[PDB]
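Construct the complete structure from the given sequences, taking the supplied hints into account.
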Amino acid sequence: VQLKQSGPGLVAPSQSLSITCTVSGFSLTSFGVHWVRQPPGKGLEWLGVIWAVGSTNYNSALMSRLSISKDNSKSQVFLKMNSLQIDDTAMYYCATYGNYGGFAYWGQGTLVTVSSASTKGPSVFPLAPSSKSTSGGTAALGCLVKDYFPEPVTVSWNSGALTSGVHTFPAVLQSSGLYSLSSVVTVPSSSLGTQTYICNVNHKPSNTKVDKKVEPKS
Amino acid sequence: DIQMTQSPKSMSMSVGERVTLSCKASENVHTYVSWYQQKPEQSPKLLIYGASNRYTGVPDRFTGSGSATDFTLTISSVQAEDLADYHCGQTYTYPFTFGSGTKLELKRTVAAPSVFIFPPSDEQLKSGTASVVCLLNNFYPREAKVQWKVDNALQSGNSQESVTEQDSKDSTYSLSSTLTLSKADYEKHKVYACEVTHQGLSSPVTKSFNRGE
Ligand SMILES: CC(=O)N[C@H]1[C@H]([C@H](O)[C@H](O)CO)O[C@@](O[C@H]2[C@@H](O)[C@@H](CO)O[C@@H](O[C@H]3[C@H](O)[C@@H](O)[C@H](SCC(=N)NCCCC[C@H](NC(C)=O)C(N)=O)O[C@@H]3CO)[C@@H]2O)(C(=O)O)C[C@@H]1O
Ligand SMILES: [Zn+2]
Ligand SMILES: [Zn+2]
Ligand SMILES: [Zn+2]
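Those protein sequences? They're chains H and L, same order as listed. Numbering follows the deposited numbering, in which position 199 of the first sequence is assigned residue number 205; successive positions increment by one, without gaps. Numbering follows the deposited numbering, in which position 75 of the second sequence is assigned residue number 80; successive positions increment by one, without gaps.
All clues given are correct.
Examples of chain H residues toward chain L, derived with CB under 10 Å:
| hint | residue |
| --- | --- |
| 1 | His40 |
| 2 | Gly49 |
| 3 | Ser66 |
| 4 | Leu68 |
| 5 | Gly107 |
| 6 | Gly108 |
| 7 | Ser129 |
| 8 | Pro132 |
| 9 | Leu133 |
| 10 | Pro135 |
| 11 | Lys138 |
| 12 | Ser141 |
| 13 | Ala146 |
| 14 | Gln180 |
| 15 | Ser186 |
| 16 | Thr192 |
No lab work stands behind these hints: they were computed from the structure. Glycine residues also receive a C-beta, built at the ideal position from the N, C-alpha and C atoms.
Right, here's the structure in full:
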């Protein structure tokens, strides 16, 4: 069983969003698919369901602006919402009970931001290791991911080969209205000249992909 | 309509202790209650459905109970891997609704932060801005204070900070604070310092660099 959703992105207030959920491992003629959303640091909210038989039920608070449809032969379910409000900003999930009594299977989520701002890819700067980022045999280095919008960004190190000791911090909203975040990793201080460390940034809303080598300075 | 109330909002337990999470319904929802686990950067995962049925692959230490309006999730002996937000939901009647979530964190021994400082990159300085980053790595408990100083002047209003969720491997936090100046202002001063207060430190610790070194 798998549910895969379309990508995250920005939409303007008063306009409309669309999300596609592509399912595999089960048939839409036997199982209903629901939509649920989670505003960024809050709880879950159920939006509605299209049942296997094709009828729908919606959250009464939203039903005037919500539509769920599906294409059985393409194993696709569609969410549409219009007259968007700023507080429609949320992580949107497709899910199904499957054969269970709760939401047993979930899509990976689609982060939808409702705003009149621009989409902007980030600048990526090194946080260079030095004497001032070393504590005995352990050194810290990182990368600053600055001035992007909307959320989210993905950060990996050495394309994901390096995961131990990585801390990617929650982004902060700067006074400019753009996000900034850091990602750091700690490594043996003796390794700083002997290993290549690259931060990989992916900003899907803009298709910005940047690789930044992080080296000691002189 | 049906409001689900989870309590407490947060709790802190030592490893090996039994954890109890509470969820209350504003109307009788019989046994149509589920519990979900959610870790950072992950979708929710089903733990319990039908109030008491453990979902596939869920460890035996997780148990659900209750009926009508009072529901409980217990973790018999909590482990590091259980740090997460926990959500309850009712599917008894439309619209289906969820609680607001309970955050579970772990207690451990006090641990002082390692403090690191990073000057702005040359590439950023070319563009007209300077970000200075102070990193507090692997500390416990979460409460900490970061004070920026520029040529001994205490700064206010020009920094932002962010804290990670508690780490499953060692139960610590880390914190990053960014001080932002224009290139023009950055070039005017020599000393940039962050001073850190934490209960694991005898006295506040300072980490600094000098723009002319
Ligand atoms: C493999 C299989 O058997 N597939 C089924 C699927 C499958 O079971 C589901 O998709 C889940 O994955 O279900 C199919 O049937 C659907 C469909 O028939 C729709 C039509 O609306 O109904 C679905 O059932 C839901 C009920 O509509 C909904 O009311 C209940 S709420 C939970 C409950 N049991 N409450 C009891 C009291 C109700 C509230 C009460 N209201 C009154 C008394 O009026 C009150 N006092 O408030 O949830 C049901 C789902 O759990 C049904 O599952 C499908 O998808 O088409 C058939 C397919 O064969
Ligand atoms: Zn760490
Ligand atoms: Zn009953
Ligand atoms: Zn100045």
